[PDB]
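Colleague: Since chain K is already given, all that's left is putting chains J and M on it; use the hints.
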Amino acid sequence: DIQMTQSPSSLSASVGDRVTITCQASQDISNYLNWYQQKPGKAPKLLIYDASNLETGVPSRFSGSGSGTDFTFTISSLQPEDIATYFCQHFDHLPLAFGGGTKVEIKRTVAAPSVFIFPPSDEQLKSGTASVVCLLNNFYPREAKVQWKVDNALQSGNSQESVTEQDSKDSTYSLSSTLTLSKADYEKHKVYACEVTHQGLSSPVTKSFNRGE
Amino acid sequence: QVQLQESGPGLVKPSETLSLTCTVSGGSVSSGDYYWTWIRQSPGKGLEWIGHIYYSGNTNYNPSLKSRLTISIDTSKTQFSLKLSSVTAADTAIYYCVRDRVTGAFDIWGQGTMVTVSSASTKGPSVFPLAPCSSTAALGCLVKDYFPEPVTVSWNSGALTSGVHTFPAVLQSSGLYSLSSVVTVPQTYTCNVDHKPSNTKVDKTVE
Amino acid sequence: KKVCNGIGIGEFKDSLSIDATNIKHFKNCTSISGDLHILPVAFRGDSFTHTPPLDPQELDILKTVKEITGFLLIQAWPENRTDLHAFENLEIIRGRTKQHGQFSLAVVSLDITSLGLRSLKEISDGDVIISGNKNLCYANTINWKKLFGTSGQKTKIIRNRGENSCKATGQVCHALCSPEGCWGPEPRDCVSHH
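Protein chains in written order, with the entry's author numbering: chain K, 1 to 213; chain J, 1 to 134, 140 to 191, 198 to 218; chain M, 310 to 501, 1502 to 1503.
Chain K extracted, bound-state conformation:
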């Protein structure tokens, strides 16, 4: 079967920059190629059909070129809402297949996160388990370090993180860290702190609360 290989697998560029991604077919597929855009949490959207034709309703900054084996997809002026994974797809002969996809993200100015810590609810405490959540809101770059401290004791191995996809407006990220403790262990200690380390912070920021207070 025809193998569709895209290059690069991921990239980041500034707003207004010219972005070019490659799709390479293992066989000559004439112009039987389509380009799709998949924004976070959405189904793929057709942008370019027959290698070179712009689908109606698609902004004019998107274009495609190529025939045979090598094809190129181009964004003339990268915009923040273009954060997506871009796929190429052939329909030369059976079966049809997609490329691996190219992830496109925005490079913007450094933005420091807003930190919030949430104590576990009394509703959950009755169930025998306690979850402590830390929120890192609207920051760039994506790299961030969250450190849990329970009475100055560094916590490790009992927390999970989750990070949103890049925002389609301000190009920021958001991160949530959940510290999971048993009810009995949660009652033993008083101070619960969330220390975050980020490039946009001159020194690490700590948000904390006292249990019961």
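No lab work stands behind these hints, which were simulated from the structure alone. Beta carbons are placed, not taken as given, at the ideal position from N, Cα and C, and that holds for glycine.
Below are the DSS-like pairs computed for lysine-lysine, each with C-alpha atoms no more than 25 Å apart in a straight line:
1) J:123 to K:183
2) M:443 to J:66
3) M:310 to M:375
4) M:336 to M:430
5) J:66 to M:476
6) K:107 to K:145
7) M:322 to M:407
8) M:311 to M:430
9) M:443 to J:83
10) J:83 to K:42
11) J:45 to M:443
12) M:372 to M:407
13) J:207 to K:39
14) K:169 to K:107
15) M:454 to M:375
16) M:311 to M:322
17) K:39 to K:169
18) J:66 to J:45
19) K:42 to J:45
20) M:476 to M:443
21) M:407 to M:454
22) J:45 to K:103
23) K:45 to J:45
24) J:212 to K:126
25) J:207 to K:42
26) J:13 to J:123
27) J:45 to K:39
28) J:212 to J:13
29) M:375 to M:336
30) K:126 to J:123
31) K:149 to K:126
32) K:183 to K:126
33) M:455 to M:372
34) J:212 to K:42
35) M:463 to M:407
36) K:103 to K:45
Facing chain J, according to a computed beta carbon distance under 7 Å, are these residues of chain K, among others:
37) 46
38) 91
39) 94
40) 133
Modeller: Chains J and M in isolation, oriented as in the chain K frame:
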């Protein structure tokens, strides 16, 4: 114009049959200009073309799924369905129903439905508030311990969208999923949690 | 000799396709004045007007047709017949009228193993699309530039049988064939030779 939407169970036990139905609205399925297509997406397999069916009855299947594949049309109700038997964990994916124009493009897609192949049982979520311990403030909900994916979260029945962050779910060491949704706020705030695999709807008011 | 109309004109007015009832009007016909439509009604039947499926041996009526002024649109073919030998002596498709104003020849989702258009020598205007034929071979061999009469006529051989799949069953052009392609395995199926 024309819209497609998927329907079917989000949890299928292993070695059983996966059944999905796509309902075409704003148009008919009895046109010679379109291939009624099924496409799935998963990590490790990426976007994968499952197959299609023409209104003449002719079908084309991906040979990787052919032995277990069946696609049919019901022009009466303007629908076409998908049947995948003897499923394993390798069939867990997001399944789209797609209109493939004969010219050569997947020009109309459905929103997509999550299908998880697992012998585990369905469990509804517990929703806990996220409130500070007594200038931008933040509040939210914690959708804890559910299976399988997904869970839909909205605030004030969709009226509140500005400043909302619903994080991707994480898989805990218990095999259950958990996520949280937050809102930043400078008035009642209610998160609307929906877990269709367990028919669980929750309206949690946070204060 | 004499000519007959296409689907939607003349004896086939207010009709959508060639069914088992209007095929009798193609007897002793040598030229089609318009487009003919071969839709899935022709072989699955019609429950509304009680039209039984057109017999696969009855398609030989169209063997006398060699000229089509409009477009040839095929979306159904008998599972018994492995080629389009019903149009074995078809020689020219003018394509004055085109499907959606674009296509003059369309072969969509058939089980045929070959096209078998041994006599086709010219397609004056319109694009050629051949999609969804899992068993079709000899398609990518045809040099369609020899048939086109207008610059810009495209060929869409898409969603069809693989190149190696036809080469695995020995369903390629004969050794005596010219590099321009063929409509089948036989030495007579060649479009040209030396």
